[PDB]
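Here is how the chains run, residue by residue.
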Amino acid sequence: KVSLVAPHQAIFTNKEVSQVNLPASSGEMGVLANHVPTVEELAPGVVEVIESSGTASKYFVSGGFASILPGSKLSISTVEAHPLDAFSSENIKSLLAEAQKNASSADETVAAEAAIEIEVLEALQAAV
Amino acid sequence: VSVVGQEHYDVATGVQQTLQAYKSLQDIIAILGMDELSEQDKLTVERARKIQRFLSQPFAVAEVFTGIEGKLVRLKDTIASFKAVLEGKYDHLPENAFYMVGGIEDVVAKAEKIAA
Amino acid sequence: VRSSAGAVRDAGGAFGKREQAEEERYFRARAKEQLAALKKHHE
Amino acid sequence: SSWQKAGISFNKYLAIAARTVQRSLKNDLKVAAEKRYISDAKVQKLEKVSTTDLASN
Amino acid sequence: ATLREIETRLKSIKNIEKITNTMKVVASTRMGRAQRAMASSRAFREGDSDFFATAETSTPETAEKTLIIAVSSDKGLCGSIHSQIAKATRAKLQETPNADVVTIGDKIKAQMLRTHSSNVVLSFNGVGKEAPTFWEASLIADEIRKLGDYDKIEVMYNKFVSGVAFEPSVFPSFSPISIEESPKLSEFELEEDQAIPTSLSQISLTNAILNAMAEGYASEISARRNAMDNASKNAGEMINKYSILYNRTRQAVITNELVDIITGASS
Amino acid sequence: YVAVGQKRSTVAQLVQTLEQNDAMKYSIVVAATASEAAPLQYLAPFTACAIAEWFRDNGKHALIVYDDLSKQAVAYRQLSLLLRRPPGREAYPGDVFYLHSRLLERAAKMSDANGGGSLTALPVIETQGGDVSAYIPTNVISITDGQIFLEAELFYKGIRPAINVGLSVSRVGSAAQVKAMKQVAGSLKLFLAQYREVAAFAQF
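Residue numbers (the entry's author numbering), protein chains in the order written: chain H, 11 to 138; chain E, 361 to 476; chain J, 8 to 50; chain I, 1 to 48, 52 to 60; chain G, 1 to 267; chain A, 205 to 408.
Some hints could be false.
Unchecked claim - With beta-carbon atoms standing in for the labels, derived distance ranges: (1) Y360(A) / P93(H): 54 to 60 Å; (2) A404(A) / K431(E): 41 to 47 Å; (3) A133(H) / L397(E): 47 to 53 Å; (4) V52(I) / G148(G): 24 to 30 Å; (5) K361(A) / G148(G): 57 to 63 Å; (6) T2(G) / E240(A): 33 to 39 Å.
To be verified - Below, computed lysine to any residue pairings styled on SDA-like, alpha-carbon distance capped at 20 Å: (7) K25(H) / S67(H); (8) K383(E) / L403(E); (9) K5(I) / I126(H); (10) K129(G) / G19(J); (11) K211(A) / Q282(A); (12) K12(I) / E123(H); (13) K35(I) / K129(G); (14) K264(A) / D316(A); (15) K11(G) / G19(J); (16) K233(G) / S384(E); (17) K92(G) / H116(G); (18) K12(I) / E118(H); (19) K11(G) / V15(J).
To be verified - Computed footprint of chain H on chain G; a stretch qualifies when at least three of its residues, placed anywhere within it, have a C-beta under 8 Å from a C-beta of chain H: (20) 48 to 62; (21) 186 to 194.
Calculated directly from the structure, the hints in this document are not laboratory data.
Note that the Cβ used here is the ideal one computed from N, Cα and C, for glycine as well.
Please work from the sequences and hints to get the whole structure.
The structure is reproduced here in structure tokens:
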């Protein structure tokens, strides 16, 4: 029973799942059957949902808030949720190289925005 | 009803009412589709398509332009074929089985020979 | 009738007077922004 | 990160992470996706029915 | 009522009927693409905001008036789109006229200035042209001139209950002080050291603004199709009445011109 | 070419352009300016049709261009009004429809037993302000087997010449055309008719 609904499409929608492992703010938590209530913030990691057997679908979430209801319901509300096969290795190196050179090079919010983009690009490139 | 009888007046009023409702609903079918209707509107729209092509029979002098034979339907055969289609006796037939045909006997022979 | 090329402004009724007032109001607002930008970039 | 010291809340932090992840993916799979990160809206605070300078970032 | 005046009125009415019929067909194609964005925003409003229903989050006493946000468009020719949005906000402002109003359109700010001009504190233009997205809702929530210092925050918009008509609904938005004071707010494991109470209200402001703008754009596009179909149908009846008057004036002009030449030739 | 109703400068400019392109050696020119009497301009259509009928009766083809049909009707009504006769519609005589139908019916295609010749009639109807349902405009369109409309709005846009496809039609169809050009004109007629009705969506 998962409710992974994005702001453009629905992934889980209906309750027809078993286990789901999503990266939260603390550690890589994983929901099982009757999960406990835990409303922690989701970080920019991989949100894999195991479908009974080995039919897991790795969905690289951009970060959100993993809400766990008391009736064994998991609501993973994220902004963007794409698979691992929808990313390119050549295009990912261009975004990480431009964010590293722009960091600590100006003022205002230009140097602060480059530090968050370099950390999210390094975690997605290491999980190929 | 005082010149053609009560049987011919009822068949003419039923065919004119179904053709007038299908022509006025053409503006809403192109903007809302064909599945966004009720149960009574879906059955009347299917029967109106076959009734518009059943009245267009091939003439004897126009056999060199269409390729079909000339059909000369009488007054008694045309009133009996239109009354059976509006009652639900030919609801399972296709829409192309009534095109270029005339009479109730021509619709049964063209529908059984189209598939097999 | 036929030949409807510019039949709204050629009538001179309610639709003809509203079309000329809408075009004059949009041209007056754009002329103020073009004149202010040309004065600050004169040198 | 240290987004609590600046003027970035949860709405601005979630929009920056979603726009950076979409641009770092496949360039050919950007169909119907560039309009979700670009807008031409403006904001103008009013006072008393006068208003101040219109800002749009 | 001459021959030249009847020809100019008939030609101008024919051009308005073709523009109204083409606008109604273009509105139907835009309604199909807008239906996918409205259906996707409804599923996100029931999953992201599902924690507030299980925790029973509600407001209580007023803290320095309140804050209103009227979401609409900047263009017209949509029937009673701007009239229904202004009538719903004026009825709720009778019990609290000291609250501020944040108009998100040129059509909502024009009707609200004729009744409560001092209550308008924010005006946003240019949002009714293209479709709404997450970038437009997140920028207006961060620059709302202290939106977290209010007890009640309403979002006035138009909810499309059907595919022909609509109704003006409203959705309340809780602040950071009301999200942590709920009944079952401590049932889930939340990090009290990090931003948990302030992050829940900031994320809910952008989600509620995006859902209200998506529902308001679909209701305005559906109402514009009904107004365009009524304008094209009214233009056809006026063209039929003008054609009967032009036919009678053409026959009378031929009889009056022939009577003048016959009278001068017989004398 | 039967220039009727034109000025003296218009007839001299048209004859000089055809001689420079080697086209005046086999083309008859019927000069009939408006500076003459009403009997000469009204009989210009009957005199030009009699000279062009000699080629169709021998085994050759002819092509008459009555320019214009509106000027020939004004010359016939001027001589009838001065002869103490009753008028009719638009200050015309009783035989207004019979004067134009008698001169246009003589230009027909003969059979193989008569010689095999034919004669074409190209009458130009000068309308007032685009109204094709007038007095002299309706009589010439009903007697001819086709009419080519020309609007003043399509000439200023870029269409040279301004020929409306939705208003001009031919009664002969594809029976009097080449077989090579009929294969490409069959598919182009359906695409041009569908694009005209959906031309209002070009702004969006």
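Hint-by-hint comparison with the structure:
no.	hint	verdict
1	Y360(A) / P93(H): 54 to 60 Å	holds (57 Å)
2	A404(A) / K431(E): 41 to 47 Å	holds (42 Å)
3	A133(H) / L397(E): 47 to 53 Å	holds (52 Å)
4	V52(I) / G148(G): 24 to 30 Å	holds (25 Å)
5	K361(A) / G148(G): 57 to 63 Å	holds (59 Å)
6	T2(G) / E240(A): 33 to 39 Å	holds (37 Å)
7	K25(H) / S67(H)	holds (16 Å)
8	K383(E) / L403(E)	holds (15 Å)
9	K5(I) / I126(H)	holds (15 Å)
10	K129(G) / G19(J)	violated (31 Å)
11	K211(A) / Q282(A)	holds (18 Å)
12	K12(I) / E123(H)	holds (11 Å)
13	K35(I) / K129(G)	holds (13 Å)
14	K264(A) / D316(A)	holds (12 Å)
15	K11(G) / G19(J)	holds (12 Å)
16	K233(G) / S384(E)	holds (13 Å)
17	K92(G) / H116(G)	holds (13 Å)
18	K12(I) / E118(H)	holds (15 Å)
19	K11(G) / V15(J)	holds (8 Å)
20	48 to 62	holds (count 4)
21	186 to 194	holds (count 6)
Of the numbered hints given earlier, the model fails hint 10 alone.
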